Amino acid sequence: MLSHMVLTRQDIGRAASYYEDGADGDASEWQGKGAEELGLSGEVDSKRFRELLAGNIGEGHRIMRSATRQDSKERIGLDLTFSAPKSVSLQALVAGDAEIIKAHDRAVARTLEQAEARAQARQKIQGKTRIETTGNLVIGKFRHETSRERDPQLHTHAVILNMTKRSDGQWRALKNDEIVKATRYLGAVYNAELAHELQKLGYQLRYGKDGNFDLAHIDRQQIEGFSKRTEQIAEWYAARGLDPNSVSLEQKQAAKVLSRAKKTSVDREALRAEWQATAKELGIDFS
């Protein structure tokens, strides 16, 4: 799954706390030609990440985005969240398979290359505006392992910073139209790449709809047992008498956000053991 969120100034605390969560390679990581250009590679330094969120690109540069209207919100970035199918999360995190985690990381990286290809900006010459395709991004990727309900949930926040290097060498805000309008497509890339990676490791796949898949030897009941957030969303539709098969975007987001109950930081080593006990109870055979 690929979901997206335009990030504003009021999200500065949420975005920096995407780093990096000591849990269970490297949990946080830079990607992009923009990033490479700025000398940014390997692990995301969280202090440098905050500066970049604020438009402070540094190294002898003006603060970006001073042309933002007072009546509008400052955009700090674009968050692309890649979430693996539940069976994949289960093999990766309950059974413990570093190869599956790697396969997820690669699917994300390759999808983000296609997102990057679609990076754009504007330039104005004499009141006439032109859209350029820049092809470069600065991205911080932060891998995470659990859902709101403490379920195994392999996902990566790819925070695309709101900056790109234009044709003239100038750094400017990202015109996000091609990435944002291509989310459905980019999600198919993630799925296709992940599936290819898992098949390369000898897993058999079972197919859903709209391109979704799961590992063949984990079934619906077993997946459902580890999908508490899904159950909460289903109950919400039932309570509102809504039909799960035909809901608006606005009603989807309502069910999603308002069905959230607040949970509390838990012993992470004790959590795996519970996952394993649960998988045993659900009869899951991890090969």
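Rigid core (definition): largest C-alpha set, two forms, superposition within 1.5 Å. Residue numbers count along the first chain shown, from 1. Compared with the form deposited in another entry:
- Annotation: the position in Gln251, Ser46, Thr68, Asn56 displaced by at least 2 Å at CA between the two forms, with the core superposed, corresponds to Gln251.
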The other form holds:
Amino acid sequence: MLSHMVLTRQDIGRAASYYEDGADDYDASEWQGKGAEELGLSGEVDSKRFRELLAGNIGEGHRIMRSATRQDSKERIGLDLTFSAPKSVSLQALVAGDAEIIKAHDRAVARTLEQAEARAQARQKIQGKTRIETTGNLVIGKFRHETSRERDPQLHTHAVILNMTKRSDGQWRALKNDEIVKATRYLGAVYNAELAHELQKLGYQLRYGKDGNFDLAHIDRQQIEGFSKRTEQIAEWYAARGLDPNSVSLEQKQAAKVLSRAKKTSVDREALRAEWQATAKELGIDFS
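After the form deposited in one PDB entry, can we look at the form deposited in another entry?
What follows is just the one chain, with no partners and no other molecules.
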């Protein structure tokens, strides 16, 4: 699954909290992109530099970016592309404990982002005429997480693409995100294909469903739903309001997701894993 969300000023607090969330059996933060190579960024994401970049401060001595933003409009700080694995894949990786599956997810994400980068663009005006240039470079902060809001195993990565890109003439500008945003479904299929390929190299058999999504063949739907509490909460909201999931409006969909949410409280990380294992036995899951 792949979803996008344009980030604005009001989201600056959430964007930097991508450090606190998830889970810790684990390089869970990493830089990516030619634009990042350009600025001298590699390895772990330094939280201090990340905040400055979100604010439009490339550092080194040039001016704060994006001053051309209209005061009656919102300032954009980035674009979050969130990659999520199928439930069974999260289970095998975080409950049974297969570290090679974590790597399979990371590779799939990295390869998809390379194709999103090929779609990076910027604008440039010369004597009144505006032109769109395919830029090819991005600055990305990647944060891997391990739990859902209800604390079920949920392997995912928040790829935060910063609102900046370097043109042919050497000038840094805001990202024209059209091609990346409109290619979300296509990029989601790239992630699915690469993940599948990496899992098959490890020896797993896959079961394709109907949307073109897949789950490991040895884990069934009943067992999957037993580790999908949020999905259960969303389904109850629709039922209570008497709505048909096949035809709900966007407003109703967002309402079901947002309003059925409970508050995020912390957990004892070592104890949670043991709970998962006992729950898995209860559901009759054989990880063999």
